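Presented below, as structure tokens, is a lone chain in the form solved without this ligand.
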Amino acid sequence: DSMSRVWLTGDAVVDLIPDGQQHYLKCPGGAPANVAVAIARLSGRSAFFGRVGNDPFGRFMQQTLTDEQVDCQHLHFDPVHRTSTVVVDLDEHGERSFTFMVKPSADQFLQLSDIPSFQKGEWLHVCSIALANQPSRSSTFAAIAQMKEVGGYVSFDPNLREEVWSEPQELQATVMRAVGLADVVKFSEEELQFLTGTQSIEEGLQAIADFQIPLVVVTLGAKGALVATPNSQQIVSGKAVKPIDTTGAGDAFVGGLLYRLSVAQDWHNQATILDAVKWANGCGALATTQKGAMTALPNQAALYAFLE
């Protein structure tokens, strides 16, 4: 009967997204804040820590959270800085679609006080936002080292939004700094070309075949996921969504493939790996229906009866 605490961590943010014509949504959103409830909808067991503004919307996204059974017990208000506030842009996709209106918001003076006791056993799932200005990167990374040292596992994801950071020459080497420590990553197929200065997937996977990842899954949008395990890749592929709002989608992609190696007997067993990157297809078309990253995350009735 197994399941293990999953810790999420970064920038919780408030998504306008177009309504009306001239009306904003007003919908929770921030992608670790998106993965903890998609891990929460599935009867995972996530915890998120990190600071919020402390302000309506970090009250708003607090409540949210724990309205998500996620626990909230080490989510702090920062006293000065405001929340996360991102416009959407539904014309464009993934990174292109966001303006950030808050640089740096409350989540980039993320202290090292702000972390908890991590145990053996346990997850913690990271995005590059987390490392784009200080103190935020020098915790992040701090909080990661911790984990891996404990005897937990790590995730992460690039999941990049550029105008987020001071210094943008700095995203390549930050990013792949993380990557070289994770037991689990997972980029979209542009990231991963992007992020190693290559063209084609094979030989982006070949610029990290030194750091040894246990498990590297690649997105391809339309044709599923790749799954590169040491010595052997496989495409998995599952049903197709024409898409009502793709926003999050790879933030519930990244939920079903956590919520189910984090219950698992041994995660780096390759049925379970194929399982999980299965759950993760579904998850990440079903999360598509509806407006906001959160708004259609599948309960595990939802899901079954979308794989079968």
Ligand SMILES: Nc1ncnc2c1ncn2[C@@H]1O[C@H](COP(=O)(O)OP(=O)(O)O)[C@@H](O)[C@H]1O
Contents of the next structure:
Protein chains: 2
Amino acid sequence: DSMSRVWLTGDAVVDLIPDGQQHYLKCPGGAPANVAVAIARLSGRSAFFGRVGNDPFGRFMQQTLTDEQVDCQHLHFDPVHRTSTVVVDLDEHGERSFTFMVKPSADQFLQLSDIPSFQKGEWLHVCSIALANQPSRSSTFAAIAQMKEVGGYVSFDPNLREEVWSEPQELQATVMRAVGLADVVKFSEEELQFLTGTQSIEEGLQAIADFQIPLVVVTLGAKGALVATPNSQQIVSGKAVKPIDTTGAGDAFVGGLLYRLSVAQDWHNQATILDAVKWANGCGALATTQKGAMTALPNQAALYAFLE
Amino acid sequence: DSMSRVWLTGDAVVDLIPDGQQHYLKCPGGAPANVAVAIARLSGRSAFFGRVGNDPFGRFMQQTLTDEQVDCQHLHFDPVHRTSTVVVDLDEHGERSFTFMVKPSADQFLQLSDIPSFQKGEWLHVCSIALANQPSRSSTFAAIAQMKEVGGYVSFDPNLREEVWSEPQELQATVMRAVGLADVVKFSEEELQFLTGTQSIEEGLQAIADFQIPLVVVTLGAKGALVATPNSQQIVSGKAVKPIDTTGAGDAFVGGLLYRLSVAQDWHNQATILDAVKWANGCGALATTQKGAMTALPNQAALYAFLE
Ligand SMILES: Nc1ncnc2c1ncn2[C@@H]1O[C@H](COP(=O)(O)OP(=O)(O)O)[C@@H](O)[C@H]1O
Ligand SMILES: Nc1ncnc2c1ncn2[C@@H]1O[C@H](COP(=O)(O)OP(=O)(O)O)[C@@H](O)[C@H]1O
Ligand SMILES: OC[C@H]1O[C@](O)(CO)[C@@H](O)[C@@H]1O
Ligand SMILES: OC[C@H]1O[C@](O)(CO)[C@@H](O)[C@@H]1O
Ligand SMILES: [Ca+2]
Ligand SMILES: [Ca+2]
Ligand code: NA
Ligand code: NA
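Now that we've seen the form solved without this ligand, could you pull up the form deposited with this ligand bound?
Below, the chain from earlier opens the complete complex, with every other chain and molecule after it.
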């Protein structure tokens, strides 16, 4: 029974990824959708709550999630607003590679009544787009508070996309409020430095010390990940691959991480955490092997073969 | 000198058109953009005024128009809003084939100061999306009034896309206000019946009689076009083709029509009008031969070869 449900909330998105001159691949995406699918592919128990648009992209994302055996009972169609649609520039990476065409998209209209019943020991994973505008911002903070209240665990990956914020001057403080609520926080190197105003990972980690975050993980691209827990920092690294498409690699990482925490007896244990990050690294690498955030999210047969 | 400038205003759009499973063609589109390019390809003098987004789709549409030798001096980038992005379903046709992902897109924020200087004898062509929301609605009606004031001519093609209207209950009356301002109005059969609440072209034309519109043209798909001028109705038809893609065929039609009116000594003359509609029909047919509204917009060598 120790396989705990992981709830994902936020933006399911169609990522339009160049593939041939004059053509886009229609790729399912959206960071929390990506994480959900990553966990399901590893045979985990994931479930999504949020809003997409009542449009073909929204229906495509519902179909995708259900095909991937992600529970979508709590994925709702907004009656007015459209599904997020993102154009990817493959000459860039991460935030710089995305243009958001729909602002505010349906997910930004998440309401308190959209939040499902949570149980002790469950996980909730959130990214910063969910915090970008109201009412999703306040609804998502309420979801976090409710998960904490019931004795669940909260994972946060800022996954910064500034252009989504109608008030970008609110990003830093709003994101850092969520960082202070979380049990697990994952940053890219650049995101940690940006949110703390620092020029190195060392200074960045010192700047978040007072938050007393139980587990911080800083991805280092090819160099793997820095795992920071109380009074300990350790780099965990595996095989570097040449990425074909970096889109969503950090979400694959989170997916492997949370899958392994979710099936642990006691996720707080250092051995469990380090192993979970080993899986995260393998997932992140494999995810880069095909275009589309979800396309090469691995199953266990593939991951074990790669980690061996 | 008798080649008069035709001004086009409204929405330049990226149309995402299925082409292979999992792929979209990235096709330039937007009815008034289509009309502009149709006129330019026939060696006419066309110019566009309006707003796209400060984004890659907006820049792509600017590039497209300038490549097609459409004057874009007055195409501006909106600082906030995104370029219209439309998903096409090729199992449907016309309005029913389009899903608008960006609402309100940049073009809906057309301001009075975006209107260029007009001169006597020039043409202005408008479609109903320009009237869908404020401030574009009032700005566009002002542009129409200014063109009338200076002794130019106004062309209107409702080109109905209801979903773009935040207040769809305003569509009928707003559209019909523009119909009453125009020198030339082009309807599809279905659009004429919808806007007049009638069940036939005959009743539809009777219902707009009091408007005293100088030239009404009703397209009849494969059967060509009905040309209604005072006390006269005449069907003009040419070679029917099997359409490969109907997207924008009605805009190609308008393009050929207005190109020929724009180069006429006296466009009011029945011979000039009938010839212009013959060109319109040929353009509409040829436009269907490739995917994308603009792709097969013909040049004169192609059109003459087809009409012969
Ligand atoms: N070149 C690489 N080789 C091996 N693993 C990688 C490589 N790049 C990324 N990863 C894995 O994915 C994580 C971050 O990748 P990233 O490119 O930032 O993806 P994304 O930006 O979409 O989140 C790293 O922690 C690592 O585990
Ligand atoms: N099957 C056809 N054969 C010949 N001409 C056509 C055909 N279909 C459309 N046209 C031309 O284009 C016009 C309308 O086509 P349509 O399919 O409604 O294009 P759109 O809906 O994009 O405006 C007609 O008036 C006609 O001149
Ligand atoms: O993490 C990658 C994902 O992040 C997004 O930019 C926003 O959710 C998506 O476009 C992409 O799939
Ligand atoms: O007339 C066809 C054109 O009309 C639109 O639906 C709206 O402007 C575009 O998507 C398409 O190119
Ligand atoms: Ca990321
Ligand atoms: Ca039309
Ligand atoms: Na991928
Ligand atoms: Na075409």
